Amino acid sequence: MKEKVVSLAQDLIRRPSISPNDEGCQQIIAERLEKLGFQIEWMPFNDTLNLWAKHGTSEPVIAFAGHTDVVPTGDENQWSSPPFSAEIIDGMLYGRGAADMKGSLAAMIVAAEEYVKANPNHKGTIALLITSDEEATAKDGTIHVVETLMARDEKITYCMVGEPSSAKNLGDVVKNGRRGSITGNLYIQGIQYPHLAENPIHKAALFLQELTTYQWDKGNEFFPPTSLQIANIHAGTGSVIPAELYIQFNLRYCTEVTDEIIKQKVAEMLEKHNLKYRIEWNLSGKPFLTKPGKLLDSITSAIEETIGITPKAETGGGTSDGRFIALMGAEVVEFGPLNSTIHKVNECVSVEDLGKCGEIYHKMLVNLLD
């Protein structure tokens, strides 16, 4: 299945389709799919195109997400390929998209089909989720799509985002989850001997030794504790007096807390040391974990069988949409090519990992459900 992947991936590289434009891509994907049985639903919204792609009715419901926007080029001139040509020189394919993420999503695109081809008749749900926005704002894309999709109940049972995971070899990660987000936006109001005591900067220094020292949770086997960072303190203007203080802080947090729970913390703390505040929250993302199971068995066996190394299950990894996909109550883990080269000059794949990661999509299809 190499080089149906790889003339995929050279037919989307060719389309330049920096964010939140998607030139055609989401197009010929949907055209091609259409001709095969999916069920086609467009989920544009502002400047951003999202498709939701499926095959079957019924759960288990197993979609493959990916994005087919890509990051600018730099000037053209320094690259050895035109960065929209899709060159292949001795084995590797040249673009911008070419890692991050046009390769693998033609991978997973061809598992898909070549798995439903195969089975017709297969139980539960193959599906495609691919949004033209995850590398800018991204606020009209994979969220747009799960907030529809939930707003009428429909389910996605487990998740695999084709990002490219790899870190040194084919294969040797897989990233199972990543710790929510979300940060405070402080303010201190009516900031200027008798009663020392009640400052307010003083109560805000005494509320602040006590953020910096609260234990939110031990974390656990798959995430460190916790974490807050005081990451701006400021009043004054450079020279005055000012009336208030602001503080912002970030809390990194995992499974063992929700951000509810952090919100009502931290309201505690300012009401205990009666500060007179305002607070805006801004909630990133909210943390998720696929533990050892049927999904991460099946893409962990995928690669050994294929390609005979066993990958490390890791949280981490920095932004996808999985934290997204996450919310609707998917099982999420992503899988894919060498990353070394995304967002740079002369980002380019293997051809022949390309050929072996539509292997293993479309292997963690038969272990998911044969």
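Residue numbers count along the first chain shown, from 1. Note that the rigid core is defined as the largest set of C-alphas that superpose within 1.5 Å between two forms. Compared with the form deposited in another entry:
- In this overlay on the rigid core, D153 has a C-alpha that sits less than 2 Å away from its partner position between these two forms.
- Taking 2 Å as the criterion, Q248 counts as shifted between these two forms: its C-alpha moves by at least this amount when the rigid core is aligned.
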Contents of the next structure:
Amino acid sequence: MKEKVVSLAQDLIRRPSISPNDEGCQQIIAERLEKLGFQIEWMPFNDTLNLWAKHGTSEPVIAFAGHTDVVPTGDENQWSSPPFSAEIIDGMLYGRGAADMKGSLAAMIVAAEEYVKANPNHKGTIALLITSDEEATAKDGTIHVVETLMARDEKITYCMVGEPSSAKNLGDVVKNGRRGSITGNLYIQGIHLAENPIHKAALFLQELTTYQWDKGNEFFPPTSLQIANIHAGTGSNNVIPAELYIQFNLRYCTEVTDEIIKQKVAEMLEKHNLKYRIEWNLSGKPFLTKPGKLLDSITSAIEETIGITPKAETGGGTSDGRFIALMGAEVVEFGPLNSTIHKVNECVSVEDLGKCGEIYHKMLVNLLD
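What would you give as the form deposited in another entry, now that the form deposited in one PDB entry is on the page?
There are no partners or other molecules in what follows, just the one chain.
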């Protein structure tokens, strides 16, 4: 599997897919999958390309998720190997996206291809969910795919996000949780003395910024809140404003839900007698994948392939996992060393990419058979 993985990784690295421009990465991938009888669906939105490709006719649905976009290179003259050459030196594959995450994307694709080729009538559904914008504004990427699937009640049961998870040695870390994000765009209307609506708003703001959402848990720090924006008045003096806008964001853990958060904020506003409107913008749900089928399939795949037991951690780097978690899928993340991601001279071990393909493949085996 090494050479297949490496060859696909180089192919992708050679395509300079700075977000959100895919530069034909997904076209190469769809061409190899379609050839093997995967059903291909394109889900573009604005300037972002998204691919949803699947093989199978039943549950469980196992999605491999990743992105073809890469961050900018910076000064290409400060690279020892040109960033889109995909040079291999001393078993190290150099290039922007080598680690984050074209090498592990290639490994997930090759693993999926080999499993399907070997088992044309396999149980469940093996899917790839590939976006061209994880790294930038990312409003039109995985979130678009997930809203499309949800709109038509299509399910994903399990998801492996192939973001580079490993800290010091291949296999040493699997990510098994991420925080959610929700933004409140609050508009307080209508703005004797204690009845002033700016006073009632300030009463609200004081309760909001000292309310204890949770203490967190063993796996997450406590839910945090940011007041991102306060705006009343158009800039004219001696004119009382009609509206007071407050934008706040929570990065939240599994101790609370979007519904608890919405309800607490509604209660607080009612308690302080405020009239208002609010537009809520949910940017993903937290997840925490506990011991079970999904965590065990990837843990055992790593143990049996390279003889290391991963530690399960939450957070660190970024991923689209919280978007996928919006659908109720159970999510984990695994892939190669992340120390060089987003830096000059990004690289990845070619041997590790071969082992990653074996690992992804064995996870499919463990999760279906």
